[PDB]
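Trainee: Can you make the complete structure from the sequences, with help from the hints?
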Amino acid sequence: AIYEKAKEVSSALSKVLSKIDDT
Amino acid sequence: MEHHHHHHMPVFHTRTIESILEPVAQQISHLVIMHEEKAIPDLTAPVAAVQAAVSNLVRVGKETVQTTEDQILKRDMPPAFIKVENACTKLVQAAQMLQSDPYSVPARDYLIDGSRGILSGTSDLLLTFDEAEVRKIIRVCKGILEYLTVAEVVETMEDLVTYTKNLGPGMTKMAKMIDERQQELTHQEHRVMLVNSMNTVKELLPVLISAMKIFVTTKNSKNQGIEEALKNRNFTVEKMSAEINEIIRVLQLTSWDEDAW
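Quick note, the sequences are listed as chains B and A, same order. Residue 565 is where the first sequence starts when you use PDB author numbering, and the numbers rise one by one after that. According to PDB author numbering, the residues represented by the second sequence are -7 to 29, 35 to 258, in order.
Honestly, I wouldn't trust all of these hints.
Straight-line Cα separation of at most 25 Å, DMTMM-like style, residue types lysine to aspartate or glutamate; simulated pairs [said to hold, decoys possible]:
{"id": "1", "chain 1": "B", "residue 1": "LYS579", "chain 2": "A", "residue 2": "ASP110"}
{"id": "2", "chain 1": "B", "residue 1": "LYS569", "chain 2": "A", "residue 2": "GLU82"}
{"id": "3", "chain 1": "A", "residue 1": "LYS173", "chain 2": "B", "residue 2": "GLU568"}
{"id": "4", "chain 1": "B", "residue 1": "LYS579", "chain 2": "A", "residue 2": "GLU225"}
{"id": "5", "chain 1": "A", "residue 1": "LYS210", "chain 2": "A", "residue 2": "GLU225"}
{"id": "6", "chain 1": "A", "residue 1": "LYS216", "chain 2": "A", "residue 2": "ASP156"}
{"id": "7", "chain 1": "A", "residue 1": "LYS59", "chain 2": "A", "residue 2": "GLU82"}
{"id": "8", "chain 1": "A", "residue 1": "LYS162", "chain 2": "A", "residue 2": "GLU152"}
{"id": "9", "chain 1": "B", "residue 1": "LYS571", "chain 2": "A", "residue 2": "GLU143"}
{"id": "10", "chain 1": "A", "residue 1": "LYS139", "chain 2": "A", "residue 2": "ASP256"}
{"id": "11", "chain 1": "A", "residue 1": "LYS59", "chain 2": "B", "residue 2": "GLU572"}
{"id": "12", "chain 1": "A", "residue 1": "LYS87", "chain 2": "B", "residue 2": "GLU572"}
{"id": "13", "chain 1": "A", "residue 1": "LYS71", "chain 2": "A", "residue 2": "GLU255"}
{"id": "14", "chain 1": "B", "residue 1": "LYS571", "chain 2": "A", "residue 2": "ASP156"}
{"id": "15", "chain 1": "A", "residue 1": "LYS216", "chain 2": "A", "residue 2": "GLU155"}
{"id": "16", "chain 1": "A", "residue 1": "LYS71", "chain 2": "B", "residue 2": "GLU572"}
{"id": "17", "chain 1": "B", "residue 1": "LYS571", "chain 2": "A", "residue 2": "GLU225"}
{"id": "18", "chain 1": "B", "residue 1": "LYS583", "chain 2": "A", "residue 2": "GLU10"}
{"id": "19", "chain 1": "A", "residue 1": "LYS59", "chain 2": "A", "residue 2": "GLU225"}
{"id": "20", "chain 1": "A", "residue 1": "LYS71", "chain 2": "B", "residue 2": "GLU568"}
{"id": "21", "chain 1": "B", "residue 1": "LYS571", "chain 2": "A", "residue 2": "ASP254"}
{"id": "22", "chain 1": "B", "residue 1": "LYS569", "chain 2": "A", "residue 2": "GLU225"}
{"id": "23", "chain 1": "B", "residue 1": "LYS571", "chain 2": "A", "residue 2": "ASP256"}
{"id": "24", "chain 1": "A", "residue 1": "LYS133", "chain 2": "A", "residue 2": "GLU225"}
{"id": "25", "chain 1": "A", "residue 1": "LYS162", "chain 2": "A", "residue 2": "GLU181"}
{"id": "26", "chain 1": "A", "residue 1": "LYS170", "chain 2": "B", "residue 2": "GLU568"}
{"id": "27", "chain 1": "A", "residue 1": "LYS71", "chain 2": "A", "residue 2": "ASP156"}
{"id": "28", "chain 1": "A", "residue 1": "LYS236", "chain 2": "A", "residue 2": "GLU177"}
{"id": "29", "chain 1": "A", "residue 1": "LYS228", "chain 2": "A", "residue 2": "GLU149"}
{"id": "30", "chain 1": "A", "residue 1": "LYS236", "chain 2": "A", "residue 2": "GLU186"}
{"id": "31", "chain 1": "B", "residue 1": "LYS571", "chain 2": "A", "residue 2": "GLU130"}
{"id": "32", "chain 1": "B", "residue 1": "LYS571", "chain 2": "A", "residue 2": "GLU177"}
{"id": "33", "chain 1": "B", "residue 1": "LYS571", "chain 2": "A", "residue 2": "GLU60"}
Please keep in mind that the hints were generated in silico from the structure rather than gathered at the bench.
Mentor: Written out as structure tokens, the structure reads:
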């Protein structure tokens, strides 16, 4: 399940750094 | 007047692991890429879930460290939970300075650093759990590089019927594993010398299996010259074993990592 929960936080994090900029 | 500089600190080797942290990787470097040297919303409700899943990860990660006896893992995993642990406290902490003030420039950088943690931290988490996988694969081969030697002890024909049914399935699993690995590899050189290798091993199987039967029936008759028959046997084995090692050695190449001695 590792490769899963990992990908999960990966996006959940990628969704946060998205509010940091969008040009 | 010569000048050159940029960011650093992000490793990657497995194909899958990359297609998981790669995004968040370029996002971070692209967010700092603005190297010419804009406010921030409320990341309270979107940084709490990153702390959520991050918790679940350590969870399923701390349990895996309670099952698989892969010692080198049971000792390499913990430090990871530490990285993501604190790397998160910053993410959550950073979101505050921005909420109390969304113009702070140290926070924007502070924020990135914390994210760079969960990324770099989760990286090792997977990387470690991975090397452990390449390990189980090695065990399989090591066991297939141990059974072949058993052929040199098959006299009775009836045994040959219990050596194949055994050796076969072993090579079967020892094949699927390799198939997956090559896909995960990020280097053409490795992928090749790894596949074509497992290739010969497959062909040399139906061969030694014959030299084994050809001998088991030749010694049963006055047919003198078991040498030309037996020799052909061990010779095949020696060829398979020599090939099987190329696989192991290759894997170990993609295996032995910094954290390892």
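Trainee: Hint by hint, say whether it matches the structure.
Mentor: Okay, the hints, checked on the actual structure:
Note on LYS579(B) and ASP110(A): the hinted pairing holds, with a Cα-Cα distance of about 16 Å set against a maximum of 25 Å. A hinted pair counts as satisfied when its Cα atoms are at most 25 Å apart, and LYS569(B) with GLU82(A) qualifies at roughly 15 Å. Pair hint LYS173(A) plus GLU568(B) holds up; C-alpha atoms about 22 Å apart against a cutoff of 25 Å. Restraint check: the Cα-Cα separation between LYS579(B) and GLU225(A) comes to about 68 Å, which exceeds 25 Å; the hinted pair is violated.
At roughly 13 Å between alpha-carbon atoms, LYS210(A) and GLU225(A) fall within 25 Å of each other, so this suggested pair holds. Restraint check for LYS216(A) and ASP156(A): the C-alpha separation of about 15 Å stays at or below 25 Å, so the hint holds. With a C-alpha separation of about 13 Å, the suggested pairing of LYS59(A) with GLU82(A) holds against the 25 Å cut-off. Proximity of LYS162(A) to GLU152(A) is assessed by CA-CA distance (about 16 Å); at most 25 Å being required, the pair is judged to hold.
Restraint check for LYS571(B) and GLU143(A): not satisfied, since their Cα atoms lie roughly 38 Å apart, outside the 25 Å limit. Between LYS139(A) and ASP256(A), the direct Cα distance comes to roughly 23 Å. Compliance with the 25 Å bound is thereby established for this hinted pair. Distance restraint check for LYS59(A) and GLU572(B): the Cα-Cα separation of roughly 17 Å lies within the 25 Å cut-off, and the hinted pair is therefore satisfied. Our distance criterion of 25 Å between C-alpha atoms is met by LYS87(A) and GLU572(B), whose separation comes to about 19 Å.
The suggested pairing of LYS71(A) with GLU255(A) holds, with an alpha-carbon distance near 16 Å, which does not exceed 25 Å. Our distance criterion of 25 Å between C-alpha atoms is broken by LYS571(B) and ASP156(A), whose separation comes to about 48 Å. With a C-alpha separation of about 14 Å, the suggested pair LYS216(A) and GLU155(A) falls inside the 25 Å cut-off, and the hint holds. Using a Cα cut-off of 25 Å, the hinted pair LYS71(A) and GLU572(B) holds, with the two alpha carbons roughly 23 Å apart.
A threshold of 25 Å between alpha carbons decides the hint, and for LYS571(B) with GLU225(A) the separation of about 57 Å lies outside it, so the pair is violated. Taking the CA atoms of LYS583(B) and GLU10(A), the gap is about 23 Å. The hint holds against a cut of 25 Å. Annotation: proposed proximity of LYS59(A) to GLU225(A) is violated, straight-line Cα distance about 56 Å (limit 25 Å). About 20 Å separates the Cα atoms of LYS71(A) and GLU568(B), which keeps this hinted pair within 25 Å; it holds.
Distance check on the hinted pair: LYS571(B) and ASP254(A) sit about 22 Å apart at the alpha-carbon level, within 25 Å; holds. For the suggested pair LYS569(B) and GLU225(A), the alpha carbons sit about 58 Å apart, so the restraint of at most 25 Å is broken. As the CA atoms of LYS571(B) and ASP256(A) are separated by approximately 23 Å, the hinted pair is consistent with the 25 Å bound. Only pairs whose Cα atoms come within 25 Å are accepted, and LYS133(A) paired with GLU225(A) is rejected, the gap being roughly 37 Å.
Simply put, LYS162(A) and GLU181(A) have alpha-carbon atoms about 30 Å apart, too far for the 25 Å limit, and the pair is violated. Proximity of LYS170(A) to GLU568(B) is assessed by CA-CA distance (about 24 Å); at most 25 Å being required, the pair is judged to hold. Under the criterion of a C-alpha separation no larger than 25 Å, the hint pairing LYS71(A) with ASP156(A) is inconsistent with the structure, at around 40 Å. Using a Cα cut-off of 25 Å, the hinted pair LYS236(A) and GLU177(A) holds, with the two alpha carbons roughly 24 Å apart.
Restraint check for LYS228(A) and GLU149(A): satisfied, since their Cα atoms lie roughly 10 Å apart, inside the 25 Å limit. Note on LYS236(A) and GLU186(A): the hinted pairing holds, with a Cα-Cα distance of about 22 Å set against a maximum of 25 Å. With a C-alpha separation of about 18 Å, the suggested pairing of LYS571(B) with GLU130(A) holds against the 25 Å cut-off. Simply put, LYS571(B) and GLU177(A) have alpha-carbon atoms about 19 Å apart, close enough for the 25 Å limit, and the pair holds.
With a C-alpha separation of about 18 Å, the suggested pairing of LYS571(B) with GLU60(A) holds against the 25 Å cut-off.
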